[PDB]
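Asks: With chain B held as given, fit chains A and C with the ligands onto it using these hints.
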Amino acid sequence: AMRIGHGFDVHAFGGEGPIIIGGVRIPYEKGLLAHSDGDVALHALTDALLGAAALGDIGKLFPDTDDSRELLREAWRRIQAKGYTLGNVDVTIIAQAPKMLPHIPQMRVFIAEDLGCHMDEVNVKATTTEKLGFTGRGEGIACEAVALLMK
Amino acid sequence: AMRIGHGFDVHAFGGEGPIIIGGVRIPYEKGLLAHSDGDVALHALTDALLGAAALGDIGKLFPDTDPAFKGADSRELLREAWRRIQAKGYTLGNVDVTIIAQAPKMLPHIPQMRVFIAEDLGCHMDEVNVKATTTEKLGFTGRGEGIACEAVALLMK
Amino acid sequence: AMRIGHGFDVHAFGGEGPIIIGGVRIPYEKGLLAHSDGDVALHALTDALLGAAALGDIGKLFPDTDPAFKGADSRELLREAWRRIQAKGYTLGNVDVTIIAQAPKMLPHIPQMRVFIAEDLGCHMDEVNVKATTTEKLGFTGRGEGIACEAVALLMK
Ligand SMILES: [Mg+2]
Ligand SMILES: [Mg+2]
Ligand SMILES: [Mg+2]
Ligand SMILES: [Mg+2]
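Heads up: the sequence lines are chains B, A and C, in that order.
Reading the first sequence from the start, the letters are residues 0 to 65, 72 to 156 in PDB author numbering.
Once you know that position 130 of the second sequence is 129 in PDB author numbering, the rest is easy, because the numbers rise by one and skip nothing.
Once you know that position 11 of the third sequence is 10 in PDB author numbering, the rest is easy, because the numbers rise by one and skip nothing.
Keep in mind the hints are simulated off the structure, nothing from the lab.
A portion of the hints provided could be inaccurate.
Subject to a maximum C-alpha distance of 16 Å in a straight line, what follows is the list of computed EDC-like cross-link-like pairs (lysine to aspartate or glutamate) [stated by the list, open to error]:
| # | chain 1 | residue 1 | chain 2 | residue 2 |
| --- | --- | --- | --- | --- |
| 1 | C | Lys-87 | B | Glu-126 |
| 2 | A | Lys-156 | C | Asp-125 |
| 3 | A | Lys-87 | C | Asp-125 |
| 4 | B | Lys-156 | A | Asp-125 |
| 5 | C | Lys-156 | B | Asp-125 |
Which bits of chain B does chain A cover? Going by a derived footprint, with three or more residues having C-beta under 8 Å, they are [claimed, not checked]:
| # | stretch |
| --- | --- |
| 6 | 6 to 17 |
| 7 | 47 to 55 |
| 8 | 136 to 150 |
We put the CB at the ideal spot given by N, CA and C, even for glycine.
The shape of chain B in the complex, shown without the other chains:
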């Protein structure tokens, strides 16, 4: 038995940079507004994983009301507690700028660390909306993730 999940997160630019994405500080004119560290890749990743496990989402488990890497780790703990193991993950950063490609190899390493898995089971990509939409206008950054879990 195997399970699929999907996650999506967005944070708005504000304040001064750098931004943290996939656990990597990327220098930029602007920072990202958030309650946590605003790591849109790790949030989206975490929700895909919880979603595959039918454990809900970060919103339910970790209320903004009541850091991302730790949220990921705590989510994974619970998910492994349920008998699941990693199949793979794939992540899609949607952003006009800054350039992500230089920082992506390091993000894989970090995610692999956090999920206790091999780097070849983690992929991360960047894609632009060609100046369209709120990401295109540089109002914020969005990220999507998918995950496959095996029981």
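Replies: Frame of chain B, contents of chains A and C with the ligands only:
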């Protein structure tokens, strides 16, 4: 033999509430403009399921230009799709749904959405996940113009 | 040994049509602005396949800065990605694609898209699904500023 599918849908706000999402009537100051009842979550889910089964999409099965679907219950649409998918030899692995909305708050309603989806797919609640996420006031969902939903589905032959 | 991947692309409209989506030339009052042919569907699909294979993305493999890709047939880019993926020991499970557009109408063209993709991947077209979905006049797609597409892919070792 496993198969994957992805779905995506959007409806604009207009009219008076409530809205219908994941089958649940949620109070809100506005309704959703739609040919059907406007259930973005069930639409996205139906497309993910049809996509995994390579049976096209809801635009093909349930076109808005057809007046027979006016006011349609999206749970009956889901059930109709799922009948075709099961006839084609498939059983459910799992589904994960991601509602994208600034408002109204969805988390209180997610448990009853899971109940309805699990009933409609004849599966256990443990194979249905629904999540809600905001765009932090950005974009059309952030400006409160409409609501989007995505879904992924895994099927087994 | 299954693997999932996800892809997403966008191009902006400009000039006159036709556009090229899923390898098919579709008449439209507007064309797409892109270094390559602008095929958002095949780009998204290619990224999903590369993502399942932990091989990166098309921004890395086929950069707009490289004059070799000026006017590239996006099917060639797909095939070249697929050859790299197959050299890694992956086989196709299935793919599902989601075109996000206000217009033009995609449904008439989807059967040819599926023929093209199936041929390009060496697979049966029962393993390929393509869907279209509107944002109902919302957002950049809704306002007719561009087209988006998403894809998911499942591979096996
Ligand atoms: Mg968020
Ligand atoms: Mg998406
Ligand atoms: Mg729709
Ligand atoms: Mg692109």
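Asks: Broken hints, numbered, in rising order?
Replies: Every hint satisfied by this model.
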